[PDB]
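Next come the chains, spelled out residue by residue.
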Amino acid sequence: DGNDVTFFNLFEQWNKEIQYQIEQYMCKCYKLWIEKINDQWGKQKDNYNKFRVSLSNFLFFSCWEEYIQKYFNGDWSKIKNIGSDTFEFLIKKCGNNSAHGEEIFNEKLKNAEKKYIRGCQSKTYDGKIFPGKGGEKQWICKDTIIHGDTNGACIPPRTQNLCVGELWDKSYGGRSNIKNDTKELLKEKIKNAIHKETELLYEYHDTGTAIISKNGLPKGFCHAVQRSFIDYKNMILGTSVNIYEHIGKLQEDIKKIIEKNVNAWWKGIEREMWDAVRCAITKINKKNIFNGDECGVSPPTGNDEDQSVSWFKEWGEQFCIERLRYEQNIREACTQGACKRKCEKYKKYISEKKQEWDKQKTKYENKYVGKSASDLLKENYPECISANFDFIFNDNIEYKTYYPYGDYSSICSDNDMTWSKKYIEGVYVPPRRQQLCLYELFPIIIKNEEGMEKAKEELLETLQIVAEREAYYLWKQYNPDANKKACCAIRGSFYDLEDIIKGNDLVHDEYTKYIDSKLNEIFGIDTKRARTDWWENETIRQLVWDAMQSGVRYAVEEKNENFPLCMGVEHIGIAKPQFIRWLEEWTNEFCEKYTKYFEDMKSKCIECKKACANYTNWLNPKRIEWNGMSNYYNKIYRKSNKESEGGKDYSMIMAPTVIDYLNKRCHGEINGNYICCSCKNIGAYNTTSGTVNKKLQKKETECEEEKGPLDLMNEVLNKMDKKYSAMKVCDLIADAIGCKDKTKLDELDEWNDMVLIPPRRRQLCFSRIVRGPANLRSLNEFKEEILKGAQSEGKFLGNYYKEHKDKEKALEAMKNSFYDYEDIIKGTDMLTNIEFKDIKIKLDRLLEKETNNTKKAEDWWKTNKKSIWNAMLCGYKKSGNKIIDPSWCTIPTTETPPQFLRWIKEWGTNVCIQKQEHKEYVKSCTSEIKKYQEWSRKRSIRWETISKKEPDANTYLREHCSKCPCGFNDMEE
Amino acid sequence: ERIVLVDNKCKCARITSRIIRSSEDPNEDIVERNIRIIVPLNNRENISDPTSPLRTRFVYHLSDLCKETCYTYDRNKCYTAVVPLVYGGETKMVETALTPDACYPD
Amino acid sequence: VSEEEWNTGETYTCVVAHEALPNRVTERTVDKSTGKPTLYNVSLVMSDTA
Ligand SMILES: *[C@@H]1O[C@H](CO)[C@@H](O[C@@H]2O[C@H](CO)[C@@H](O)[C@H](O)[C@H]2NC(C)=O)[C@H](O)[C@H]1NC(C)=O
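Chains as they are written, first to last, in the numbering used here: chain A, 1 to 973; chain B, 1001 to 1106; chain C, 2001 to 2050.
Honestly, the hints are just simulated from the structure, not real lab data. Treat the hints loosely; a few may be bogus.
[Claimed, not checked] Cut-off 16 Å, straight-line C-alpha distance, at most; resulting in silico cross-link-like pairs (EDC-like, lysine to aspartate or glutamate):
| id | chain 1 | residue 1 | chain 2 | residue 2 |
| --- | --- | --- | --- | --- |
| 1 | A | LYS610 | A | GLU704 |
| 2 | A | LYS862 | A | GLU920 |
| 3 | A | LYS963 | A | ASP806 |
| 4 | A | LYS802 | A | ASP749 |
| 5 | A | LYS348 | B | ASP1101 |
| 6 | A | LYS722 | A | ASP149 |
| 7 | A | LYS635 | A | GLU645 |
| 8 | A | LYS371 | A | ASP390 |
| 9 | A | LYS367 | A | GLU449 |
| 10 | A | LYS919 | A | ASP749 |
| 11 | A | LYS518 | A | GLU449 |
| 12 | A | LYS187 | A | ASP253 |
| 13 | A | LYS695 | A | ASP600 |
| 14 | A | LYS740 | C | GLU2019 |
| 15 | A | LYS36 | A | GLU113 |
| 16 | A | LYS931 | A | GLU920 |
| 17 | A | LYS744 | C | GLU2004 |
| 18 | A | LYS740 | C | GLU2027 |
| 19 | A | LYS400 | B | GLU1024 |
| 20 | A | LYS260 | A | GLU184 |
| 21 | A | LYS866 | A | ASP806 |
| 22 | A | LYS740 | C | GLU2004 |
| 23 | A | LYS744 | C | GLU2010 |
| 24 | A | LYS347 | B | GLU1024 |
With these hints in hand, go ahead and build the complete structure from the sequences.
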């Protein structure tokens, strides 16, 4: 369009800017500002109406594009990789289905505008009460295939030991005690259960037996009782993260009782249930006088309402407390024998907890996009401050050898990173600083404390070690004038290292946060002066720079290349402000990326569209980051240490505006010792360059519009089982019992009439239970687990098609079994007491009919409601271990075409092998070649069968089918 | 890692003196001799003579088989005996096939 | 029947219809476990010398 491309680019930038602003802003001037955007939004919509993807389509696509850009790296449109949990967050943030952008924008602004005896025994989950010794219950980091499918949440020991009370009796297995209970009776039962849970938790933590417990209430008792209340809430609600033995049946029965809407019931009785806990706490006064409000007048709610989050917080608190106890034991023992034994005990602990931490972090980070696990754990519980979970749970193989014990080993004596403001305004952390290694420092900063001289010595040694490692790795990374760019990159890393030692570091991630916190007491505003004093005199400056130089020497010697002039310089300049150094790094990166992408444009503009997407994607966030940089600079353009809001001095800039300071710093060429930045556009065009207005008038936004139709690909499956994974469900389901190595001899003219039945007689490897006379107990658990029990429907590539044919055909045979499986469930054409006219179809009807005719087998559960199953791909992967192509992964699962009742699909399979391989044999004695005409007579009866849409079977092979046209239409000798 | 010491097919035995490294620390590695025996439970006493009694006792002195009262038919070997046959009063000897599966002319 | 079907435990009943029968029909049931060894009598004797 004419003159609207500029409008479209302006609207895109303006949308992103306001979205970021409202996210950050989430008072008199705020009302003035919020109405300004309201009027501006109306003006933009009016112009967009003139323009017309739809306005509601564009907002949804923008939300998903931002997500795929920042939280997912590389802006790859791999919707396949994203799991089920994250889809929830995206549809919440970006809107359900599509074309809801107008509503999503509307609601966001509206949100902005509004800105006694019961049979429960004393708890033993974390250890039997004294004089009891053992009985510790471990975290159940497992998921149930039938209920919840894939769930990374780990059940806490406490939840496993929740006082179900009278709701559940363990007599002879598990039987719900509320099969026929009134709504009022259920409320009383739950109230008594909660009261008893509170009482038992109090007596468990008061004796100091809970790992947490090792006002006047027992330490952590309020946390435990609140979390038990949350677990009860999720038990009645039925939204349990993971279903334990008692959880599933109780959830189902409570759903049945209320709906004969559960959320509304609990939202009504939550006040009474929490009053139960308060009354229990008040009754505790008989032991000694607590008013009952210590654990909170209102029931727990908010971000902690999510049970996965609550369980993970409990895991964090418990693990941090245990880590602290191991720290005390190691310190007392060491400061051989007991010391070692404690060290291996800690190592075993961390090895045991690594899997649990990985699973819980994977669930929490994905479900809550952006937020990190360590931040939650550290902010919610002070006891976790002294632990860096990433360092303790590093997955690097060499890490275990380097630190067998972990963060108390000392006590036992890369280019795609986006400029992020996380752990910090508007200032952004360079990728280099995020990469600035602190790994080797942390064990020592843990080990050394309260000693001036030993702290100095060991900290200096490990500082030299980390400096050498960083020099080596950065030099290898940047260098495959190129050296001159790396020269200042080495300088910048050391230049940044000063602030961590000084304490002026702007970034406040876990690493530097703990480092600064411990230095506050090692060398201790005079505390900051004390650190600098070490940085001034023995110098330590020159010593660590010599360590830097030795590191680059080692790197270049490994590369067998000459030493550079830059690092041959021993005297360096005074350190510039951290933001100024980061601002220069940002500007230099902008120079490089802008030049590269613009030359790529001049050359390429066929994958021109990919280049346009890449260039626009790179440029768009840079505009917002530049806005932040300019804002901060205009805040500290002429400010001393006191005048500046932060406790840092910015008196040496001496330039009127940020773009002007860009001049006289990038004006010339890279020098290394003093110059680090150089753009082609030295002039004050960066402000216009950041906005996509000027360019060279080249119109590439049309491709961006051509990128918009990707929203169609953004389809939501809206099902609780994912066929993409990486695999999670594949481990749970077991091998089918009593069906042997199938496809033992198939498509070798074993076809026989009972219609010419293929080797579906045997390649179907149903479990014994369904195929046998025995009926099934419950469809939700046995037909459930038995149809998946035919993971043994994975012996095509497992045993037979492993190398007999190409990889694609093995998976094609599974497509045949799946549709066969589907028609076994409803009206196939086998005529056999186990597959058709059989009782296994009645096994389905019998069980669903037992469930009050909840749904016909041909209404739902027809391989439509739960058509996915595993799609047999687990069996494909179990033995063949061959990765399924994304296009190959949609046929083993559901597709709308049923291929017409097996009358013309099993026929489809005949020519796919049973005729084409004899064909190629013929093309490869003549009597044996002429012995391939008996399939020509057998074509006649099946031709009569099909004769009972297209005229005859031949055309079906010609046009419905893909491999069939290769086959000869008729043998005719 | 298995060292198959013996694979005698009459007295089916598969003694494998496989070494197993103990945990992560060597110098206490365990050595194990897995005497896997498949007693037939149905073969006749004189296995080549079908009309002989049933084996109710199976001696597996491992000393002898390390360096015969055959129990199990070997896969490669054919065990057979002559049989009388009458068609019209003529008693003609002929060889039998007690293990026809592995006795095809080869 | 296929071995995978007989090991499943299905019971096959041989209805025989005849004139002389007192009820004109008789049934016999064959099952996976109709003929089973009711008594396994194994006696492992493991020594160390000849
Ligand atoms: C009984 O066992 C003996 C060996 O312990 C065998 O007897 C002879 O086996 C050879 C092997 O080919 C035959 O040629 C002889 O004819 C057998 N003896 C006689 C008397 O026929 C054989 O395994 C068993 N004996 C028989 C008769 O089957």
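Status of each hint after checking the structure:
1. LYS610/A to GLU704/A: Holds. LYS610/A to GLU704/A sits at ~10 Å (cutoff 16 Å).
2. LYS862/A to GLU920/A: It is violated: about 39 Å lies between the C-alpha atoms, which goes past 16 Å.
3. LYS963/A to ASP806/A: holds (13 Å)
4. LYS802/A to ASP749/A: violated (20 Å)
5. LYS348/A to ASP1101/B: Violated, because 56 Å separates the two Cα atoms, which is more than 16 Å.
6. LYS722/A to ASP149/A: holds (9 Å)
7. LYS635/A to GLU645/A: Answer holds: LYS635/A to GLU645/A is near 9 Å, not above 16 Å.
8. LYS371/A to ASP390/A: Holds: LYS371/A and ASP390/A sit about 15 Å apart, inside 16 Å.
9. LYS367/A to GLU449/A: Measuring from Cα to Cα gives roughly 39 Å; hence the hint is violated.
10. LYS919/A to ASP749/A: Distance ~14 Å between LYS919/A and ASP749/A Cα, so the pair holds.
11. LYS518/A to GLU449/A: holds (8 Å)
12. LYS187/A to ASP253/A: holds (13 Å)
13. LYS695/A to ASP600/A: OK: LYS695/A and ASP600/A at ~14 Å, within 16 Å.
14. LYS740/A to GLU2019/C: violated (44 Å)
15. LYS36/A to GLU113/A: holds (12 Å)
16. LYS931/A to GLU920/A: holds (14 Å)
17. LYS744/A to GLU2004/C: Judged against 16 Å, a Cα distance of about 13 Å means the pair holds.
18. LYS740/A to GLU2027/C: violated (32 Å)
19. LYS400/A to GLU1024/B: Roughly 15 Å between the alpha carbons, so the hint for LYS400/A and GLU1024/B holds.
20. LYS260/A to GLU184/A: holds (13 Å)
21. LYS866/A to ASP806/A: violated (30 Å)
22. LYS740/A to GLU2004/C: holds (8 Å)
23. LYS744/A to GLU2010/C: violated (23 Å)
24. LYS347/A to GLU1024/B: At roughly 15 Å apart (the allowed maximum being 16 Å), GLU1024/B and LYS347/A satisfy the hint.
Hint compliance for this structure: hints 2, 4, 5, 9, 14, 18, 21 and 23 are broken, all remaining hints hold.
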